[PDB]
Amino acid sequence: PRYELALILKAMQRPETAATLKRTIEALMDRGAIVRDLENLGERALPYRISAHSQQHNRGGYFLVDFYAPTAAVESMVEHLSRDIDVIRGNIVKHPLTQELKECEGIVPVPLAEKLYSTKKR
Amino acid sequence: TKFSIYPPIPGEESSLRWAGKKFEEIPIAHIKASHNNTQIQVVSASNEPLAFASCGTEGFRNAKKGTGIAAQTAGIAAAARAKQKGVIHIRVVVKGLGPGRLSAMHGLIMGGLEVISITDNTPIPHXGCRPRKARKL
Amino acid sequence: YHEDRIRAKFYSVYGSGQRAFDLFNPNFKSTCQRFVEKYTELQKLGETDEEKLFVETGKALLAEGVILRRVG
Amino acid sequence: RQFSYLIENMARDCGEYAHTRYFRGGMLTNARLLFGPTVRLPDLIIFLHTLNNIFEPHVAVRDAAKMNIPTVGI
Amino acid sequence: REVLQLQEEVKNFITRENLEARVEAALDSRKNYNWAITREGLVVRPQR
Amino acid sequence: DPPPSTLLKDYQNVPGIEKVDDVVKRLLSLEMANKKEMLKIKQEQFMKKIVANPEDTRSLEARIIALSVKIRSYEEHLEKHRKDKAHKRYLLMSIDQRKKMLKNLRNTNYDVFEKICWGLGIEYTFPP
Amino acid sequence: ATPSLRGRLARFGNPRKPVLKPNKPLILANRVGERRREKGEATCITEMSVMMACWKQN
Amino acid sequence: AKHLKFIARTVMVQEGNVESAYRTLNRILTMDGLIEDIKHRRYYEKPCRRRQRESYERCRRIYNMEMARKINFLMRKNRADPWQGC
Amino acid sequence: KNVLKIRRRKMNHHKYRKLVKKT
Amino acid sequence: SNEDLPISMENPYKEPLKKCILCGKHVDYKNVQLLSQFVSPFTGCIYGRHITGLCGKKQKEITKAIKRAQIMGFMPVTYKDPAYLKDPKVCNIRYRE
RNA sequence: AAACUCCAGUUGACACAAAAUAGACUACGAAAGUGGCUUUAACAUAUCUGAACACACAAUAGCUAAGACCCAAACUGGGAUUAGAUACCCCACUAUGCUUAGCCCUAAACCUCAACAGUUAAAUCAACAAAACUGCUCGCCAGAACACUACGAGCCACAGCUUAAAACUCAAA
Ligand SMILES: [K+]
Ligand SMILES: [Mg+2]
Ligand SMILES: [Mg+2]
Ligand SMILES: [Mg+2]
Ligand SMILES: [Mg+2]
Ligand SMILES: [Mg+2]
Ligand SMILES: [Mg+2]
Ligand SMILES: [Mg+2]
Ligand SMILES: [Mg+2]
Ligand SMILES: [Mg+2]
Ligand SMILES: [Mg+2]
Ligand SMILES: [Mg+2]
Ligand SMILES: [Mg+2]
Ligand SMILES: [Mg+2]
Ligand SMILES: [Mg+2]
Ligand SMILES: [Mg+2]
Ligand SMILES: [Mg+2]
Ligand SMILES: [Mg+2]
Ligand SMILES: [Mg+2]
Ligand SMILES: [Mg+2]
Ligand SMILES: [Mg+2]
Ligand SMILES: [Mg+2]
Ligand SMILES: [Mg+2]
Ligand SMILES: [Mg+2]
Ligand SMILES: [Mg+2]
Ligand SMILES: [Mg+2]
Ligand SMILES: [Mg+2]
Ligand SMILES: [Mg+2]
Ligand SMILES: [Mg+2]
Ligand SMILES: [Mg+2]
Ligand SMILES: [Mg+2]
Ligand SMILES: [Mg+2]
Ligand SMILES: [Mg+2]
Ligand SMILES: [Mg+2]
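Chains as they are written, first to last, in my numbering: chain R, 3 to 124; chain X, 21 to 157; chain S, 8 to 79; chain L, 21 to 94; chain H, 246 to 293; chain U, 395 to 522; chain E, 4 to 61; chain B, 8 to 93; chain P, 911 to 933; chain W, 14 to 110.
It cannot be assumed that every hint is accurate.
Said to hold, decoys possible - Short, incomplete list of chain B residues facing chain R, as computed with Cβ under 10 Å: (1) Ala8; (2) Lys9; (3) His10; (4) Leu11; (5) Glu73.
It should be emphasised that the hints constitute simulated quantities derived from the structure, not laboratory data. Backbone N, C-alpha and C define an ideal beta-carbon position, used for all residues, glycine too.
Modelling step: build the complete structure from the supplied sequences, incorporating the hints.
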């Protein structure tokens with residue numbers, strides 16, 4: 003079904019980052035995925051230090067990859083992202099828009115529990 | 021401006037100064053208040069040791085070390101050796117919930133040092149090593 | 008009661024007015040009660056639309072000098 | 021306690037008796053000991069308030085039933 | 246209705262043709278998922 | 395197994411789906427769906443092969459066919475996960491429940507019982 | 004707001020395992036706990052330490 | 008070890024009043040439950056014992072919050088006797 | 911309830927295990 | 014008979030059911046600014062529903078979203094993001110008093 | 001006191017271990033169990049009850065074979081306490097707790113409160129505990145101790161488990 007790849011890339015120059023995004027997308031297409039949209043949330047300092055491929059990363063660029071792939075394509079893509087040295091962190095999750103939020107009527111007050119003990123005169 | 025209890029961010033620009041030194045350049049006074057002993061070490065911003073003191077190095081041994089007055093004695097001594105190297109303002113990073121958690125900080129104040137920030141860095145594992153078994157007291 | 012729906016709508020749109028209730032008087036008629044009486048009379052004409060009937064009832068009290076300050 | 025003053029005055033005006041104070045135990049069931057061997061118990065008890073100050077049934081309500089004394093209670 | 250809606254969306258998707266151009270477009274544009282909530286339920290947008 | 399190019403059960407009857415782009419057809423196929431949606435087509439295939447009225451979902455034949463599809467999934471699920479104890483009990487209860495359904499169907503409608511066994515490849519055995 | 008007590012205790016109606024196992028019935032008493040006296044602590048230790056420090060020096 | 012330092016659980020001392028800052032830091036740790044967490048982590052609490060302690064605290068919280076509500080509810084009756092002598 | 915019944919089985923089981931271990 | 018007898022109805026004065034501040038709004042693990050509004054500014058501890066005031070459904074959503082963001086490099090764990098320290102205050106908690 | 005001093009404090013690198021806060025939530029699973037994150041598969045039955053001759057599971061501890069080493073820790077060693085201390089306190093360390101495969105089949109496996117369908121009326125009801133009952137079915141129980149035992153039988157179990165007596169004894173338990 004529809005997935006979302008929370009992709010955090012190493013802070014590099016424009017030609018290097020652009021090559022990395024294309025290379026990552028081609029990996030999905032090589033595994034039967036149908037890429038929907040490529041989003042750019044910007045680049046900000048990582049909340050905590052991340053070590054990957056014997057490299058210490060303090061900053062990284064944020065990107066989101068939306069694609070349609072079979073269930074078996076999810077496992078293969080995770081293995082691919084680990085071997086990529088330019089990817090700080092890559093996680094594959096369900097697209098939050100696929101899930102439909104059920105309408106909420108509100109908040110029902112909870113009455114105090116009653117008849118928890120016998121009415122005998124202790 | 022109104023005082024803010026939150027420390028200034030090193031990346032951001034702040035107008036707060038202490039003797040011409042910014043918050044990131046203030047030497048740090050780490051305090052390790054264990055249940056039986058208190059170890060105080062003062063280091064500068066570049067992780068350069070400046071002064072170190074403890075109850076065991078200030079005429080207290082065995083159960084006497086695990087007392088507030090013993091920690092206070094170490095705090096005064098730690099301030100004295102730090103003050104020789106030009107330390108005036110310190111940032112306190114207290115670790116542990118021992119009896120000398122606050123008294124050791126008092127020794128630094130009475131020794132001629134100024135406290136500008138207090139930080140607690142007690143190690144709390146988030147699930148980690150299984151601690152020792154309960155005592156059958 | 009049937010008029011309780013009218014009171015709920017009146018308190019929702021206008022709210023309690025500056026006039027104070029006097030429960031001592033057995034024949035006391037509040038602004039909300041006066042609104043209900045006009046609402047009942049205009050209903051007997053043949054109006055069956057709640058929205059149209061509600062607005063017309065408010066206009067009648069305004070023509071009679073009743074102050075009707077809405078919450079908005 | 022709010023209407024204790026009123027009830028006592030009403031009883032005096034109509035020539036009847038009122039007990040608006042704390043009800044000592046045995047005023048009805050053990051009346052022959054508290055007052056005397058020849059005491060006469062009330063032939064009718066009227067409760068203007070059937071609950072005590074802890075929101076529980078008045079003791080005299082149960083006691084009057086024991087002494088086969090009819091009760092009129094609000 | 247959903248099939249018709251979904252059919253139109255594919256016309257502006259990423260394929261092996263619109264790969265380089267779409268990558269460069271992302272590197273120039275930005276987005277802000279982050280938003281805040283008040284005590285009244287009002288949504289506050291980040292002004293950047 | 396149904397071909398991986400087969401559309402979903404919900405979208406198999408929408409008009410004009412034969413003239414949509416091949417990209418949309420791939421999305422609406424079984425390839426871009428989970429395993430449960432595949433079982434719907436598998437159950438539907440038998441619901442028309444065997445049941446005289448495929449639209450009746452409360453008949454004994456529909457229940458056996460629906461339960462048979464679940465039993466097949468557990469066998470596939472336990473094939474990959476040999477130490478999954480939770481599904482092993484579910485497999486063993488579903489097998490026992492199907493036999494109870496087979497017993498009731500055989501004792502009331504024997505002619506359809508032959509068709510159910512033939513269609514699903516079920517060899518009914520009397521208990522020891 | 005008081006935590007709910009619906010389904011917490013093991014009862015006849017409750018199908019689930021109990022959430023709370025109170026050693027006493029959850030019924031409000033007619034009395035509250037008496038005020039607890041503050042534990043005694045050593046006082047004027049700082050002043051004593053300063054006074055005794057000069058004695059060692061003098 | 009991998010987060011930025013001098014941000015978490017840091018209190019700035021105002022005008023050299025270290026006593027107020029330390030109490031503020033102590034209260035923040037207590038409110039977030041860090042102080043109570045550290046003490047119970049000194050010696051391992053077995054899962055059977057932890058559930059018994061949690062159930063006791065949860066039952067304690069229910070009684071404490073219910074009794075507190077009644078005290079506030081009846082506090083308006085703490086006035087003087089309006090029917091003195093009756 | 912007291913554990914008097916359990917204690918009797920506790921001692922019987924303990925002596926049985928020692929007897930089994932002994933012989 | 015008598016037309017003044019009470020009739021059977023639902024409560025017309027029944028106020029609408031109260032809703033949490035996040036009712037009807039999506040919660041996303043990438044929405045760090047929203048998530049940081051429900052953690053302590055000094056420890057990063059996730060506030061309880063008695064503090065945030067959220068309902069049961071959104072309290073679970075925020076907790077799940079925070080945990081996902083922390084492991085995926087979107088939300089700091091030990092502290093609250095300083096850039097979000099100036100957000101509107103929606104948690105009923107006071108430290109300095 | 002012993003131990004350590006190849007130590008401690010600050011900083012950086014850095015798991016086959018364990019999962020703060022949320023959780024004042026009360027959800028899931030047949031029970032046992034289940035509370036870090038992601039993905040896959042997936043949570044039996046369109047009447048109910050029903051196998052202690054059946055099948056599939058069953059916390060922890062333990063056996064078997066190959067690995068992992070942080071911490072905790074039977075036994076053991078050292079230090080102390082004590083009339084003695086084969087314990088409680090302190091320190092060091094092993095089996096073990098983890099992973100893979102195969103076993104073992106026990107628990108206060110207890111929410112000691114059977115499954116389904118109902119009722120809140122009468123006599124509500126020994127006591128206490130967690131109010132009293134109806135219909136139906138299955139399992140189980142008939143004084144205490146001997147006895148979670150002997151013998152027989154079955155079991156990958158061999159110091160084991162399951163099933164389970166008798167004689168003598170007591171007038172109580
Ligand atoms: K955790
Ligand atoms: Mg359940
Ligand atoms: Mg008890
Ligand atoms: Mg108290
Ligand atoms: Mg780490
Ligand atoms: Mg007892
Ligand atoms: Mg014996
Ligand atoms: Mg020594
Ligand atoms: Mg270190
Ligand atoms: Mg683990
Ligand atoms: Mg685990
Ligand atoms: Mg907790
Ligand atoms: Mg998970
Ligand atoms: Mg999962
Ligand atoms: Mg089920
Ligand atoms: Mg059955
Ligand atoms: Mg087992
Ligand atoms: Mg084991
Ligand atoms: Mg052996
Ligand atoms: Mg081994
Ligand atoms: Mg160790
Ligand atoms: Mg050894
Ligand atoms: Mg020894
Ligand atoms: Mg070991
Ligand atoms: Mg259990
Ligand atoms: Mg039992
Ligand atoms: Mg049964
Ligand atoms: Mg029932
Ligand atoms: Mg009784
Ligand atoms: Mg046994
Ligand atoms: Mg035996
Ligand atoms: Mg025999
Ligand atoms: Mg034998
Ligand atoms: Mg058994």
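Hints, one by one, checked against the model:
no. : hint  : in the structure
1   : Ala8  : holds (8 Å)
2   : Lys9  : holds (4 Å)
3   : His10 : holds (5 Å)
4   : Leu11 : holds (8 Å)
5   : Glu73 : holds (9 Å)
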